[PDB]
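Number of protein chains: 2
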Amino acid sequence: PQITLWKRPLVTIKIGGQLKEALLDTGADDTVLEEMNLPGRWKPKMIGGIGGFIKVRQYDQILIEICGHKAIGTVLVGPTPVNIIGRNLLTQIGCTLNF
Amino acid sequence: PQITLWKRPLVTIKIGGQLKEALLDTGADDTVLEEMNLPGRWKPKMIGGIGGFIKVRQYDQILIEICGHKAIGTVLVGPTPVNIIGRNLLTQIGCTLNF
Ligand SMILES: CCC(CC)CN(C[C@@H](O)[C@H](Cc1ccccc1)NC(=O)O[C@H]1CO[C@H]2OCC[C@H]21)S(=O)(=O)c1ccc2ncsc2c1
Numbered sequence: 001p002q003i004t005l006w007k008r009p010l011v012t013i014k015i016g017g018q019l020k021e022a023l024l025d026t027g028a029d030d031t032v033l034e035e036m037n038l039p040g041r042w043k044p045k046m047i048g049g050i051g052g053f054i055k056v057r058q059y060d061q062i063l064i065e066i067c068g069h070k071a072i073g074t075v076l077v078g079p080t081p082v083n084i085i086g087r088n089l090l091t092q093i094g095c096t097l098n099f
Numbered sequence: 001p002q003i004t005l006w007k008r009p010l011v012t013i014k015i016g017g018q019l020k021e022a023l024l025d026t027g028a029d030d031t032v033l034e035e036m037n038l039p040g041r042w043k044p045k046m047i048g049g050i051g052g053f054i055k056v057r058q059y060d061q062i063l064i065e066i067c068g069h070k071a072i073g074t075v076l077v078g079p080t081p082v083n084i085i086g087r088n089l090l091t092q093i094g095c096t097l098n099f
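Keeping their order, the protein sequence lines are chains B and A. Sequence positions in the first sequence follow PDB author numbering and run 1 to 99. Sequence positions in the second sequence follow PDB author numbering and run 1 to 99.
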C-alpha cells in the first residue's frame, strides 16, 4: 500500500500471537513495543529520544507481521507510549520513503 | 526520490539561510530542530517524546527547503537529540510511505 502522512502512519501488526497498532517510523533505528510479557531470553538496553532515555528489554529474532508482510528481527519492549516499527523491520517489508 | 531505510534517512535542509542535516521522521508529528537562532517571534511550547517532555520555542510559518523541496510551516527549536523533519512538513513535500 501507499501511506500518506496526513495522520500518524498506524498499521496493524501481529507479534507473539497478539494484534496491535504500531507506527511505521522512519526515524526509529530499532523497533520498540509497549510493555508485553514475551517469553525467552532478553538483554537490558536504554534508548534515547526527546525527553531522555527509557529502559527496555531487547529480544532477538522476534517474528512480526506488518499488514501481511512477515519480518523477523530485534524487538525492544519497554514503557514506550506508542508501538514503534523501526528501520530494522521496515527494510524487511520493503518500505521506502517517496517524494 | 525513493529512499530505502537500511541507513538513517538523513537529508540536507536549508532554514534561515543555513544548511543543516535532518532526519526524515515519519514517527514525529512535528518538526524539531536543535538549538539555533531563528528570526521572528516565538511562543514557549512543550512536546513529549519517548523519554518525556521538553521545552521548545515554536516558530510559525518558517520557510524550510528539504532536498530542494520548499515547505512553510511550524518549526520547534529545543534540546532534541537530532534534527527531525516531522509529518507537518513531510506532507508539504508530498512524502509518502510505500511497501
Ligand atoms: C532520535 C530520533 C527520534 C527522536 C527525536 C527517535 N524516535 C522516533 C520518533 O519518530 C519518535 C517516535 C514517538 C512518537 C510518539 C510518542 C513517543 C515517541 N517521535 C517523536 O519524538 O516526535 C515528536 C516530535 O513530534 C511529536 O509527535 C510524536 C511525538 C513528538 S524515538 O521514539 O525516541 C526512538 C525509537 C527507536 C530507537 N532505537 C535506538 S534509539 C531510538 C529512539
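If you are wondering where the hints come from, they were derived from the structure by calculation, not from laboratory data. Treat the hints with care, as some may be off.
Since the list gives no way to pick out one identical chain from another, each pair is judged satisfied if it fits inside one copy or across any two copies.
[To be verified] Here are the simulated SDA-like pairs of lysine to any residue, each with C-alpha atoms no more than 25 Å apart in a straight line:
id : residue 1 : residue 2
1  : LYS55     : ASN83
2  : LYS43     : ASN98
3  : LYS7      : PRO39
4  : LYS20     : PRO79
5  : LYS45     : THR96
6  : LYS55     : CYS67
7  : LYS70     : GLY52
Evaluation of the provided hints:
Within a single copy, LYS55 and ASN83 get their C-alpha atoms as close as 15 Å, and across copies as close as 23 Å, so both meet the 25 Å cut-off. Proximity of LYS43 to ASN98 under the C-alpha cut-off of 25 Å is found in neither arrangement, the shortest distances being 35 Å within a copy and 32 Å between copies. When the C-alpha separation of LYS7 and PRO39 is checked against a cutoff of 25 Å, the pair qualifies neither within a copy, at 33 Å, nor between copies, at 29 Å. For the identical chains of this complex, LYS20 and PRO79 are intra-copy neighbours only, at 15 Å inside a copy versus 31 Å across copies, given an alpha-carbon limit of 25 Å.
Proximity of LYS45 and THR96 under a CA criterion of 25 Å is satisfied in neither setting, with 27 Å inside one chain copy and 31 Å between copies. Proximity of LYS55 and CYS67 under a CA criterion of 25 Å is satisfied in neither setting, with 28 Å inside one chain copy and 35 Å between copies. In this assembly of identical chains, the alpha carbons of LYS70 and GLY52 never lie at most 25 Å apart, being 31 Å within a copy and 31 Å across copies at closest.
Against the hints set out earlier in the document, violations occur for numbers 2, 3, 5, 6 and 7.
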